[PDB]
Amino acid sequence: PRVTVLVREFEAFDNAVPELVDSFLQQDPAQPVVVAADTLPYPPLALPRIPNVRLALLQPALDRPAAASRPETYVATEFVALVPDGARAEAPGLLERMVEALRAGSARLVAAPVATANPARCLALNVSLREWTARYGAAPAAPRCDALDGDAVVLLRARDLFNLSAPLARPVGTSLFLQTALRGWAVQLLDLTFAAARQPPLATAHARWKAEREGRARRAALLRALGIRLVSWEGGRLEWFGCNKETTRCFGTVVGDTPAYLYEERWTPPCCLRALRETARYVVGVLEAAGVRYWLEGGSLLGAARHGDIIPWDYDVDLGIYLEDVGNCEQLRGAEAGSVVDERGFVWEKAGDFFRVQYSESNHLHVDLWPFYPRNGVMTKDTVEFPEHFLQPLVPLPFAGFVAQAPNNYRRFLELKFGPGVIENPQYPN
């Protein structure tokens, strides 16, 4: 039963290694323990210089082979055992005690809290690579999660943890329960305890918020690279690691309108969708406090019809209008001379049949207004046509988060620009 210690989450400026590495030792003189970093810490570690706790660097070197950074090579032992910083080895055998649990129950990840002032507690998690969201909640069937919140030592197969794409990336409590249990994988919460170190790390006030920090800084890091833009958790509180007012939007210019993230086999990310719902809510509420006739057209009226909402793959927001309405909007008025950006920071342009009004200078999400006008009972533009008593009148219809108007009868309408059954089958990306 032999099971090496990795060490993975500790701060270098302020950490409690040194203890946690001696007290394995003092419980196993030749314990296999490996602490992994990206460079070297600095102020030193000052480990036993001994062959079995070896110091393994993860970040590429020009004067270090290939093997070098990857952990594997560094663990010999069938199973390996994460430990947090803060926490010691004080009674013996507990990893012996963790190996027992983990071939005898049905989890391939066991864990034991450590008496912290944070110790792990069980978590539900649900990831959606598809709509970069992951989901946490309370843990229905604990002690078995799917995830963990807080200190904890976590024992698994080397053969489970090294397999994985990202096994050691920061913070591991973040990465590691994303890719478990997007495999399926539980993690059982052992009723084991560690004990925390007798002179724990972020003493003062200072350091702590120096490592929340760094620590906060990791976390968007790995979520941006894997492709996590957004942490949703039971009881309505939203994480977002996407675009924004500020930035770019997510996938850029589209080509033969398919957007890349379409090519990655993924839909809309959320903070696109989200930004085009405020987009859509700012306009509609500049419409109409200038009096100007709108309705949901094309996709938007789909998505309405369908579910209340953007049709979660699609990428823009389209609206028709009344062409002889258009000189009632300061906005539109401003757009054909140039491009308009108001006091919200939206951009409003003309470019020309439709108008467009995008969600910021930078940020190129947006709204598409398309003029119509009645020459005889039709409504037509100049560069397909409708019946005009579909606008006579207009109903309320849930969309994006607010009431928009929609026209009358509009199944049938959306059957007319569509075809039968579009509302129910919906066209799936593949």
The other form holds:
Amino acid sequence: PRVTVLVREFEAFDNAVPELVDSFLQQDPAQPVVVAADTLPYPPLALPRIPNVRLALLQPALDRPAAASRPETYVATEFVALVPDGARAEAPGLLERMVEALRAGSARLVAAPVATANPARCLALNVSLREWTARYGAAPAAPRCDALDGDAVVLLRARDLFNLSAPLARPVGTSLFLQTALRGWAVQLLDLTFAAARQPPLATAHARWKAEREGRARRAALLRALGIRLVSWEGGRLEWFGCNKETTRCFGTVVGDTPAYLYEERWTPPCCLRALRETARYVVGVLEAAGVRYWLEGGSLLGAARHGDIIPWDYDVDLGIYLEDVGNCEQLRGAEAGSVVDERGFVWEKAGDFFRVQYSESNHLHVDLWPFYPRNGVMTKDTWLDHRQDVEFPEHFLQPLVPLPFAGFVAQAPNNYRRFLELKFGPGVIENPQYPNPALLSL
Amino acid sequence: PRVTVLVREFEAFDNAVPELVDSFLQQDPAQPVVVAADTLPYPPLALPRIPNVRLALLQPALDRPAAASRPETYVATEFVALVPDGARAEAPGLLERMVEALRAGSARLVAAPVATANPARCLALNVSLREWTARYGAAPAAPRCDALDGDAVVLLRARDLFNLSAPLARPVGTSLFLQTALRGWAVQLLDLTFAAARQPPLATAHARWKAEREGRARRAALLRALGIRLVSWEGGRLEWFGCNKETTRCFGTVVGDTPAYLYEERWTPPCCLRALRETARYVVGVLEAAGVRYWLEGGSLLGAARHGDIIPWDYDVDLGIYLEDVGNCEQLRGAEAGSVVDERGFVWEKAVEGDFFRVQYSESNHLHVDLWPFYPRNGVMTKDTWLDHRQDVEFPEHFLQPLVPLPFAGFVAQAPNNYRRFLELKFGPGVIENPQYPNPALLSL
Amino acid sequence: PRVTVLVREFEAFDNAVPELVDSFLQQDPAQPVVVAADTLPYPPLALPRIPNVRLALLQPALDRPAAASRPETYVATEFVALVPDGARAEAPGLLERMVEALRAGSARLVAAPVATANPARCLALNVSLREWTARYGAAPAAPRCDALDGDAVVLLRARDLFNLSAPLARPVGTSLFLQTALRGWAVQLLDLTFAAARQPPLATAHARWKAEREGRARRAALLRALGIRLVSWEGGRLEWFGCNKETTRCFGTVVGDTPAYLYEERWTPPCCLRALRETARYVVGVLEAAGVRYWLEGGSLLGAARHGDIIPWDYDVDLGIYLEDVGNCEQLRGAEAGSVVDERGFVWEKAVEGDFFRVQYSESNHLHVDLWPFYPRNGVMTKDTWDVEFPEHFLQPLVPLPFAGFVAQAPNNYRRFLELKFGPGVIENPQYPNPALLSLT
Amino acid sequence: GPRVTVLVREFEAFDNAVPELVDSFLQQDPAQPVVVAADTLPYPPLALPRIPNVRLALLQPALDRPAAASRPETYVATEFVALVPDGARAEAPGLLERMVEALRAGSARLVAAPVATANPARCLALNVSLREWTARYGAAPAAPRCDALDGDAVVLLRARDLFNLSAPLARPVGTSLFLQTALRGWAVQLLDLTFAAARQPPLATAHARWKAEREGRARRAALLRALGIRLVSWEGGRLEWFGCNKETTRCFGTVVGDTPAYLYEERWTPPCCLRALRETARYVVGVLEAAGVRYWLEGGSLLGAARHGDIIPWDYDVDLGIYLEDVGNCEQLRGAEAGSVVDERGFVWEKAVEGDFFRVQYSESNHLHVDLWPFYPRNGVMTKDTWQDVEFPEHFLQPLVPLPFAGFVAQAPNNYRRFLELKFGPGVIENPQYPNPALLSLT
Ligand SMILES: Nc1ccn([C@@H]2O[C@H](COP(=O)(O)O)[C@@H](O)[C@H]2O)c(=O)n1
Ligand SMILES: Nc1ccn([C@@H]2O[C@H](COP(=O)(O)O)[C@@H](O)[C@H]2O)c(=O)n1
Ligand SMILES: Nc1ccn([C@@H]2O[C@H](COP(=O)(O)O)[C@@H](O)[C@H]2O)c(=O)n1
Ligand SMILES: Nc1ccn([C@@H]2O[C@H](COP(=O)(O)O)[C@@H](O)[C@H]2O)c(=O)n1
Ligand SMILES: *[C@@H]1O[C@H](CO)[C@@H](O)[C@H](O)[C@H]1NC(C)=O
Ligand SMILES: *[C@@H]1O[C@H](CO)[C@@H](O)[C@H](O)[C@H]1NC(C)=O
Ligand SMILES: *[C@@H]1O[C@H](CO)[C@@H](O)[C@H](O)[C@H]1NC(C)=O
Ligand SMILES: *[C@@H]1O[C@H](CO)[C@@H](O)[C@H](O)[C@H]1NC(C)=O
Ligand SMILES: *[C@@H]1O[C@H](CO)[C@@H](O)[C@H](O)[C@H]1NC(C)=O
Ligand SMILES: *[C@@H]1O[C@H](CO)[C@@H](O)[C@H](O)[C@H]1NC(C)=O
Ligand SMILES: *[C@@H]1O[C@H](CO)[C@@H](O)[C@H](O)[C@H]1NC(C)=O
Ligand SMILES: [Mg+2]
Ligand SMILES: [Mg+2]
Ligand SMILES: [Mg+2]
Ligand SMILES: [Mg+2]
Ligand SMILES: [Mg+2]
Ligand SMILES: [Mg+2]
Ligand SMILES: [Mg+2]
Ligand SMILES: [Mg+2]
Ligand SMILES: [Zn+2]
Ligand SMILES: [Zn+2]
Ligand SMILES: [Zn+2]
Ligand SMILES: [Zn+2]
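We have the form solved without cytidine-5'-monophosphate; now please give the form deposited with cytidine-5'-monophosphate bound.
Complete assembly follows, chain above in first position.
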């Protein structure tokens, strides 16, 4: 029946951790309390220097053993209560009751809101490591929940908390439930509530604005570190944490037609797909504006026919165009002389006998334009690459072209495009997805 | 179930604590371990400087809070396990079996012996603070004991251990069980054995001798601090820790006729009583051989009439003698010229206070027999000096004609005939039947 | 098998780790080999899929248990051999030759150079965390070293390696010996040599540039993360890793006149002292040219009298000046009308609160010299704010005294000067930082 | 409701005015909480009023009492405690709370009022140094603000402050309290209020006083030994010692490794041990100079002389180098190879086990020592045959230079700075290793 209060979410420049710890100490002078930090907080916390109150510094240090940063080693009790800064212990026995709430219930974490300006509300949460995405929403089975948002004391067993890979990664409210929801654990939000501190931290607009900013920075670094590129919400809100126009793309050059993320049993990072989708939309826009006749090719046509979007592990977009229209588009005229950075940042190059448009000078997510010319009613070209799907095809497949949803817009595809896709890939290609190179890595 | 190992019994100059602690760490790397020492052990213990292994220094220090020397602040777990030096954890999960045994059973402590040359064995023990006595014997209902002798891992709840007044006084083997047995607590000796250290401490004959010496000195200091004058064992073995012939008596000058121990709700220390009996016996023998007519007086006669022994809170022995007999006894003759130390170290002297003699056990220990000389006037025994006590009166000489034998303090003493009537005349009716402290207005039974 | 080969220093884009692994299995099929990486290396390594070869990915992951990112999990042997990329096992049975060497000797680490272009050289190393410095030099007791430079297989007991805080932090060649030297452990460089890979990694100038760019960035992040602000070779060729003119000072704002580094049981960062010496010399150079009578004051005069430098745990320089002299310095006159950033980046300010001047290293780095103006009153040096008054004869004359790399002026009889303001014996009894007492207050 | 608990700790059981003290405070508030603390039950009996707010707190372990019984805070329900010394009396109602209003309205954590005895409390300065095992008393420069008191004072502080010290009621309280509070930087403000003396004051005869002063001094000397105070000084002088000397053992035992016990307790060398080493160094030097042995400071002694002219504060021996061709001129030295030599002044001179050096110990029992290292000049370089210890050129000794050290003048090698850096490394004088307790804990 012994519970270690463990404090991790606080700002060194402005906290109420002294009040927090003293408030628990008034209910039990021998109360085990562990304040955790990456480095020594300054200005000093000035905690009581008694054996049951310890400061656990989790960063590596040349004069400290491995144990010194492993937090479970500061915790001897069966249960641990994560307490946010701004909380206060007043009524005695509140942790005893969360403990017997836990043993009675079936959720492996119980939680009690702190009566702050943002008391913990309950959230649904699915984590897709394969798609680098976490999706929150309202919780159907509240007070049974996957995740919380807001301030709460969270009690669970030390064996449960400290077997996680990142038990106290900040922000705790995000990092913890990402790991427990993935494991299928539930948090049950009890009806107990902890009081707020009497002199709460971040009392001024300047202080809380500095806290929020540093807090947004920790959260971004956390999600980047743990393979979450995108956080989405019921209602449509999106939080992006990956590549954009000014960065590089999220993965290096692709060997064996098998991108790095597949070997990590992951698919294309959602920010990379999104850059491809806007490059695709942009390139189609200037192609159509130039009167260049284009059509979805390769995996782009496949993904469009299969589910109207980029195949979730693909990393480029492929369009075929008529060779004799190439001249009508300015960017492409220039691309034959050299690389072309147009007024919107996209990079047009010729390299191969095809053209490539890159999202930006730094982000090399590309659209490939393959020019074909007709010879005896057969679309062909003069340079080949060793792939099953790089072949000639009858021109009647382009007479006419048909509207086909793709990557958020309506594209042009060959008529009878399922027959077209069967021609280049083999029978059943639409219904039988497979990785770009099953020889090395197969879905 | 989380259990803190707590090491309190070891010697800084030769121990196996590093191996003890490391052997528990090889079963659980985050095992909470608390080494408790009065002062920082030198040479260094060199325990792993890791957060789950702490060293509790229970000394006062100018730069530490009160909590620093209170061992409960170093234990966060619900159960704690006292582990003696020389024990090593072999079998994984030995303490988990101890915790569930304790919750299944009804004893507040459970114990596992360690496979040393002296594994813990079951003992009975009652403690009598009023008589400063601890009485050990064989355990009637083993494996449920009041106390153990020898090396054991003892597991209990921290709340129970650290509500004791001296949880880790040394030797813990003695200290712990006097406190738990006085509280009616049982220790269940389990059929679980911890292994001994592969390199046991005290390997040399010189170190064990040095180790036993500190232990015996620590043990004697413990019982003196706790009011245990006498430790008795079935089979009759007696260990004493009070006064003796060559020290001072246990208590100081008695004021108000009420000795210090009575206010502490204890009776006369067993060592003082024993000195008084052997002084009473010896003086009676001197007086008989010298031809001095004596009889038991005051509290000595009263105690004799009640149960043939000194009243359990009394501090002296009183005898009456015939004044015309003092010249018969060599020690009494010298006493009037000055204080005399005789053939056996007893000190005979005439008292400052009116006209009586006093025989002290030794020069240093002033437990004493008082010799009150009386002389007859008209068949009335009297003296020229009188203390201001109610039992200090004249009495008819016929009470002394003749004397009757009466057991007292292990020998047969001489007493007034009709000593009931004698005692009631001096103390008031019913004195024999109604024991009472020497001054009820200050401290009553 | 008593040794687990553990390879940590390699690059995903160009390596010879497959050759490395293969070479050791060709000598023993059962050889335990762990390739450690922060994330899954790409292009794939395609090492043998056997139980004794395991890839340890040490970064925390949402789907993995805590044990998965701890290197001791992947090692079940008594000894670990740290093998750098580019090494290769050619002769058989040299890892246990390295074991029999470790057993017999007194060093906790043994090492054998790899026959690369950069084979391991024996190095001396002392780590002072209180001075945030790593001092390297040639090894006086070679082949017994405190550190290596270059390619070597290093073998030590797995219990020793994985008990350190940062056992596999990169670069290993730097992180390992910063940890083991600090513990006073030694490394014995054997007369044994590992062959190089027959297809050595980073064979091109471009690959080597990419590797060194990344390796230098790792090294700088490691030194910062472990509080090594200065690295030196034989007292020279200094490499800095702390603050400078374009950053903030290392310790931020000071509360209770106790800077952060004291609570971390250290002295002033050496990059901060270097800035303080530079500002003291710059300000003294500016006062001497403007014709401003100054003298060292407080802890700078005490430092100068004791060892002729800034006291190694102090964080500012203090100078006394004549108040009537301030009008002769452009910055001082401008500082009284507001904050001044002069031609060389120092900011001269007139603290409204204390009635004194302050010259900071730069707009961002607030290490500062304090200027305290006195004016003569009836023979005594005084001011209107409050550190004591003192007779003027201490300044008639003023005396050359070495301090912080240059000759500054101090009160005459400065030992008596110091004794009056600080107490007798002050020069001989430094208040050494007291971490124990600082905890109590 | 009363907010102050009177606490009485300094009295003698054989002679006291505690019954009068207690009656005086109850005479002004019959519900006033009063606690009398003692190690054992005071005899002769105190016979205090058998009332619930008067309690005897017996502070020693007892076989039949709970832990709380020997803890003084158990006996105090108020925010404030007034330590009252025997001999004091409450004649003027209301002073207890004027001390409380004064404490609240001021900035010192303790306030005090003198008792109008023959020894009324005087204001003192006190800096404690655990590293140097010294308490340094002096006149209080900022009176009425003190670090310590001398004499009889009712001292009032918060219960929470007093009972969180390690030895709140250790005797004599006038020593133990202020050693602990001055160490923390706390201040005691001696108010301008006065308590009356007992109408029948305790210890009114010389014999009674003599008994009380002998017990007090014994408690004080035990208190300083237990607490690691080896030297009390008044205005830098009037030294009072509580450590080792010529007839005791030396404070630390046999040293293991190169680390004496005092280092692991985060202290430096005991001042008694430094004092005996200065006495021995001077004695040894005086003997060698009289006998005509060429000596010079060596090792850490030369380093201490160069740096600040004394033994380095955490060093435990003195080293001197001597010319071997000169040993025959010292009687104690020639006898030293025959065997151990106690000289006329108690110093023990012995030849090395096998190390080939001479050791002069302060006494047979106190093994603080000066080591004499003989060298000879092979080709102008100083050598010994078995072994900071290094060869060094002989010209450093031609000639020898005077150098102040340990309260006298000793001979040093010429250019001792260059010498020291050959021996220890560059800049050894200016950057002193003071012991790192953490690193030594790490090892
Ligand atoms: N049966 C198949 C065959 C290919 N594909 C995908 O279609 C894409 C074709 O790549 P290209 O656009 O380079 O032709 C690849 O991402 C490949 O994995 C698929 O999803 N199902
Ligand atoms: N009714 C009584 C009266 C006295 N006594 C005891 O008898 C003793 C008398 O002491 P003296 O005769 O030595 O003066 C005391 O120990 C006293 O307590 C008793 O046990 N019962
Ligand atoms: N006796 C002293 C007094 C100060 N010093 C140090 O020199 C500096 C002088 O203090 P101020 O800068 O506060 O004047 C402080 O770091 C101080 O502790 C010292 O090293 N020895
Ligand atoms: N830089 C250094 C090096 C050694 N020392 C001191 O030198 C002494 C060791 O030298 P000895 O072996 O000569 O005694 C120790 O007191 C040690 O603290 C020092 O105070 N500063
Ligand atoms: C989580 O996934 C489940 C599928 O099992 C789905 O029903 C639910 O809507 C998802 N919730 C969120 C917030 O995405
Ligand atoms: C993980 O769980 C196991 C089993 O409950 C436990 O033994 C271990 O200590 C846990 N790990 C921690 C607490 O780091
Ligand atoms: C682990 O490291 C710490 C160093 O801080 C040390 O005290 C401990 O004994 C080490 N344990 C082992 C087995 O080396
Ligand atoms: C403890 O008390 C019981 C009950 O009087 C008694 O039978 C038993 O003998 C006592 N124990 C000892 C060891 O004398
Ligand atoms: C004493 O027991 C009580 C339970 O009645 C518990 O709350 C308290 O913590 C215990 N005290 C110590 C010092 O362990
Ligand atoms: C490193 O420290 C040792 C300590 O004795 C010193 O003597 C040596 O000269 C130092 N070397 C360097 C390169 O600083
Ligand atoms: C106490 O410390 C101050 C500051 O170091 C010093 O000036 C003073 O003399 C010290 N007091 C005594 C009595 O030593
Ligand atoms: Mg494609
Ligand atoms: Mg393509
Ligand atoms: Mg009697
Ligand atoms: Mg009598
Ligand atoms: Mg300064
Ligand atoms: Mg300043
Ligand atoms: Mg020395
Ligand atoms: Mg020596
Ligand atoms: Zn991306
Ligand atoms: Zn006795
Ligand atoms: Zn810096
Ligand atoms: Zn000493």
